[PDB]
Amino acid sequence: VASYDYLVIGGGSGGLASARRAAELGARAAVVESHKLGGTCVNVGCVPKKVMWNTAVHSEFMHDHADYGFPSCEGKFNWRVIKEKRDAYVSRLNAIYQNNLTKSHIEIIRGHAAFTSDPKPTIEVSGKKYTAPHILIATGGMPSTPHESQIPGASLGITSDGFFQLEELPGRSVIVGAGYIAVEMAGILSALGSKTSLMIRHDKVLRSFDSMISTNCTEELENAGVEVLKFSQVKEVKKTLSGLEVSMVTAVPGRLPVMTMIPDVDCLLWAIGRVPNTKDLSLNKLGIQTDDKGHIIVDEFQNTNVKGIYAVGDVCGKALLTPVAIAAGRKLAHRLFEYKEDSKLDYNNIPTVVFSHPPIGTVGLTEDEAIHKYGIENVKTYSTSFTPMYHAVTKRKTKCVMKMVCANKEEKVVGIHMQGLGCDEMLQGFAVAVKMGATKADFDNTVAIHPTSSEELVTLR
């Protein structure tokens, strides 16, 4: 039984960040990883998605070439070219992460970890036992797929994981889901030339975002050539002579349901949710609490119900983002190894960017949320909608929408929501201001930068 100061199960965003900071603080740490280091973000998430987004962005920009004075660009996108380069880049990152661990003196234990029946919390990997007074579970999640029992032929569809394995651009693609992953995948497939449909259960995507954003985003998708199938769900999938045939039920409220077949589908992509990866951990041998989806339950300090067992990141089911896993893992290392007892992540005011076309940035409360926290009488919003100057000379157009949610007489800025060209890079510093408690006077008293889209946020009236 090898003993360490800190054992980290999972070498993804949160596990690596926590292990590294712990080691800086003098901990003797080991990371257990059964697949590739870098976890979901590097291998099948953030990174490869962003490369594909940059690619889709080129496709759009190329539509405006002629408007800008240049000769019309003619063609066909070659999927394999970028796929090969994308894979190589991921390989480069994997090697870097590994080196980061080695330079820090963190041991990498390769294999699948499971808790043992032993009294003091102990794990087993490949027959060998390992123990530590502090064990972090950061095993992340996985894409959720429907059961063949509820949707027959569901297994003919792929998930976001399968998207990263594709080697050719699918001719006809149907994406099921209305969350950010669904939205991003649809936007990439469509821009690159797949005839794409997005199938949602209601009438708008991103229903948990501020309603200005969910409305605007749904419109932008339509405008970009994505067919949004509203109030629709899949009833069955079947393998035909030439691709797939999707049976769907459309049930507009106030109307009779109608069943439609979607033929000649090359790619059916389930983007319906994520499930936590806890199933094969033997949690129950320690009685560690989970919810009914399998999420590990923790307190504000990332503690599980068992002393010396912590959990961070996706496996916890809250705020499923790489930077949150990182920040939570770092704060936890400071608490454990630097004895900063008050060290923990504040889950409010976490900023998010959705890589749609144009991209979306949001931080803080939606208008409704502020309304429920402070009362209608105490909430005031400011918004603007305009066509960015980029489009002044183009036939193709996109819009930029921005909304600021203020509370109390002081007009404290409690939410910023926007969609538009440049919004992916614009959000970070306003997130800093929001975190600091800025009021609207603070924004207004900041001299604008002209001509930019960002200046609109400091000139709202």
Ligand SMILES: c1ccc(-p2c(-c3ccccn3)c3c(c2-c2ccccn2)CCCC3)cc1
Given for the second form:
Number of protein chains: 2
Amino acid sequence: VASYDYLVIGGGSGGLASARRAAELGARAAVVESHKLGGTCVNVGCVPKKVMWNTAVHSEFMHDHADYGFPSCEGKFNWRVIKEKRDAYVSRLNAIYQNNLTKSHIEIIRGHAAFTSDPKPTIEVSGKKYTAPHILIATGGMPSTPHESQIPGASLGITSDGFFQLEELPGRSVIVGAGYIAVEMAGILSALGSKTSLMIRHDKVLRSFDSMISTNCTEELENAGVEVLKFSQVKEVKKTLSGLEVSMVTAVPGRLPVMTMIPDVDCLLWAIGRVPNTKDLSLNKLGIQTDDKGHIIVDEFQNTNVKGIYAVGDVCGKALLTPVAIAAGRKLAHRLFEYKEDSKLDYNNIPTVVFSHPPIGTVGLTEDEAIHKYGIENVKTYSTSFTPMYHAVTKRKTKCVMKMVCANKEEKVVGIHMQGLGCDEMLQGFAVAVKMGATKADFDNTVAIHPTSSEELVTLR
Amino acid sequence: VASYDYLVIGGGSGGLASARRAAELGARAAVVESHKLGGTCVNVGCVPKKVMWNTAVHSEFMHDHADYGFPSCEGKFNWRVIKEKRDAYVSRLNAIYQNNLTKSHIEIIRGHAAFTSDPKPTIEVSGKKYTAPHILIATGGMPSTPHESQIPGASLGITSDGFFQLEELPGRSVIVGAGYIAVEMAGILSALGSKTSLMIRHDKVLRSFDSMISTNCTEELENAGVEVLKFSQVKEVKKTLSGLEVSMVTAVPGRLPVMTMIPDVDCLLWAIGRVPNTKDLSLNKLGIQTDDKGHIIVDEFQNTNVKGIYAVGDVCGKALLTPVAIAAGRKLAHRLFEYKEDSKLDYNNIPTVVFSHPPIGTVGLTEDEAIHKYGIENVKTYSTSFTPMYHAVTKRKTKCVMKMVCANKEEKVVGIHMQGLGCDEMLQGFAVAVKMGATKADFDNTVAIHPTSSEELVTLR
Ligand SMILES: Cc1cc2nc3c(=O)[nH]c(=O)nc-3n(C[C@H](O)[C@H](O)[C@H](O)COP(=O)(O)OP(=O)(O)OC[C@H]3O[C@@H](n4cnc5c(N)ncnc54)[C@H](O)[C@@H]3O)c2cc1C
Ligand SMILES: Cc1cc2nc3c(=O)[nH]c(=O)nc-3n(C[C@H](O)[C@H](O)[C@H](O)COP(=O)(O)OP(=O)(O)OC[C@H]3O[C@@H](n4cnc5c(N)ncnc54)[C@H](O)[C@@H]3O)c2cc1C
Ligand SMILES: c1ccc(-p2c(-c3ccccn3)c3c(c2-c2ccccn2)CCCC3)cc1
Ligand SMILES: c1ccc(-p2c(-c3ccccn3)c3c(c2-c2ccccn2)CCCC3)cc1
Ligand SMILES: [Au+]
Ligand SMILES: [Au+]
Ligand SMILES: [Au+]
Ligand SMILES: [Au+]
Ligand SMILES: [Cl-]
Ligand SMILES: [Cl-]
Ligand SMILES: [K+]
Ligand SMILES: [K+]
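Got the form deposited without the named molecule; could you also share the form solved in complex with the named molecule?
Every component of the complex follows; first up is the chain already shown.
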């Protein structure tokens, strides 16, 4: 029964971040990891995804080579080549990662962890038990797959975790979901050559994002050659001779339902949401609160319903982004160990980029979210649509949409949403302005950087 | 002797902008243009330059095709193809441009204009004379070429104006200058295949920019295969059998001068600065003030040393950017016609992007400029250098540098300078923040957008 100042459950983005900051503050932390250190983030998340996104962008620009005065470019494309490099890059960083964690004198407890049936702050990792007045739950989540009970054959399809294990380009791809992980994957596969289909329960993807984004993204997916199967759900799946057959039902309002058999699918990817890893923590044994989906409940300070126990990251279910986990984990360390009874993460105005094609950028409230918080009368929105001049010479095209959500007489910028070339690297700066409480005037008093797309944001009329 | 409310001299970026805003305010404007409406901006500036920049970027990314899992791409590249399209795009916009100017009921006086020898507000355009209580000088500037007196054979070399008239890719290129127009041109030519040399009077380019940028840009030019001829000047030029021979003198401190003959140059481009078009306005005939280089002097309100006469744009010599001309021209219209005795352009924190490879972004003071304004003790700077993960799988590389200049206890962000992938579209947002008076804290309280380069700006330690 060893004892530490800080005991972290889950050695990934949030856990490590928080633990490391603690030891930096003096605390003697001990993080527990059951698998690879770095969680979803490193291994099957962010980077490997960005690399794959880059490869896809490259592929697109190459459909432009000729347009740009060059002789046509082949396009065979070898997945195994990029995969190899991706794995290299990962472990390459992963090595540096480890080095740091190592020099942070943080003990790494190996094995699955769960809270036992004791009252004093303790969890049991493979027999042995550990205690600490402060215990953090940063076990993250996982890709959600349907039960054979619900959809027979469901285990035939993979998830984003499988996506990064793929060694070849699926000839025929089917992705089920409407979130960013789904949109992102369909984007890459399609760009890289797979005959891709995206199956969504409704008529547009990213429905939680602003209406303009949802509508525009769906249209771009289509223009890019991604078959968007609207108002469709997978009723059953099974292995055929040439791969997989997917039976889906399409229920378009104003139309009668219809069954369709999708044949020769080289692989199905489930991208229907993430599930928090809490089912084996045996939380109840301490009364740690959770919602019905399993997320650990917390207050503005990442405090669980039980003293001396906290939670940050995907496990909490709000804002599933590695930076949010990082920030939350650190602020906590500062509160618990630097004694800053105010150290806490502001979840408002967290900027997000969805790596679609072109990328999506967003921060602040959606128009609809604004209307509810301020009132229809107190909300004006500006927006523009245009074709990046990069496509001025291209047969192939993609537009750019921008929307600015303003509130009150002062027209405070409470929301910024956009999709288009560059937007992935264009948002960070504006997010900063938005968190300072920028106004439409603040944007308009800023001289435009011509010629770029970014300048359109400070010239919205 | 017709009379108008607003008479504009020069129908380009600033003139048109200002005039158009005036008529929008009621004023009956009449702009005078001696050549093509749109000035340097449209015809031989911004867009045609960006197009050419894009083509070059494309060319670079194509040196990566194989790295990114694709079979090698040829690379012949046909300049005439892009040129044709560029010309198309230009006139295509140029058409829209005209449409607007037309529906703005602004009379366009054709012909060269200059102030006569009268006291009442009047200029003479091809015989006829025109008057107005408010007259704007927006004649812009022009590329500077040396005299045969100074450098014999100088007329053999072209300027940026010639660059956009080129129908082929010069096999061997030599560009003289250290400014952005010089750096930009060398970048494109080199990227597109020309064996390029950049001749600079000193050891680095963009010496007016921050030290980090100057140093980094020069190194990138070199890595990209651009021969940077340091401490060299063109002493003489002449046409040989295989093109042109350039005689230059290299004067490296700590070393003895040396003459070098550069042979087989397919074309020399002078990019040594811009000259304001005022020498034929016969300004003196009214006592309109100018500096020794010819720029028209003005106050914070674009007022010349003579009532009823103003000037905005390159002709004034400060901040030679189409947006600055636009902004200045409009604010003036608002002052003179909306009667806003405060309507004036803030020249502080004007953001600028230099389209090098990778692009350069900047706003605010340079570290050295900060030290002088606040004092060494009151200035701390943050900076980071790294390789965009886009190059994680590329043999070819380019780094990314970022520098944040802070002043006082509060660490107010007074300067932001960077070079790297995306920076061209990454700056606008941060400029906005910077003009609001952002602090290092304002940046740091903003959640990072991972994984991007932009996030490095809000995580500088
Ligand atoms: C395909 C994909 C792409 C993504 N792209 C992005 C992106 O571009 N930008 C972005 O910001 N976010 C992205 N994310 C999300 C980001 O990776 C996560 O938000 C972040 O990793 C969550 O942090 P976490 O601390 O919860 O860690 P993980 O979710 O990183 O959790 C940490 C560790 O907990 C361990 N663990 C679980 N249970 C136990 C236990 N009982 N005992 C011990 N250890 C345990 C796990 O094994 C894991 O290694 C992406 C995710 C996916 C799946
Ligand atoms: C290669 C190159 C690239 C550039 N790239 C960029 C860039 O990326 N971003 C940026 O912001 N800026 C860029 N610029 C600069 C930008 O184009 C200028 O700052 C802007 O055009 C200046 O505005 P202006 O109003 O002075 O017009 P011009 O300088 O546009 O002036 C307007 C007109 O005055 C007319 N005129 C002159 N004398 C007379 C007379 N006596 N009577 C009547 N008419 C007269 C001219 O014929 C001209 O058409 C670039 C310039 C060059 C050369
Ligand atoms: C070649 C290409 C894809 C597979 P994918 C794959 C999977 C994907 C990534 C990592 C691990 N497993 C998996 C399956 C695949 C599938 C797709 C069509 C027909 C049969 N199987 C089926 C069961 C779950 C794992 C197998 C061989
Ligand atoms: C093919 C390629 C370049 C020229 P460039 C060119 C020029 C460039 C653009 C537009 C107009 N003129 C010009 C010259 C050129 C030059 C370069 C090397 C040897 C001789 N001439 C020489 C005089 C000024 C105009 C002529 C033929
Ligand atoms: Au991550
Ligand atoms: Au598969
Ligand atoms: Au321009
Ligand atoms: Au030439
Ligand atoms: Cl590991
Ligand atoms: Cl014209
Ligand atoms: K990480
Ligand atoms: K223009």
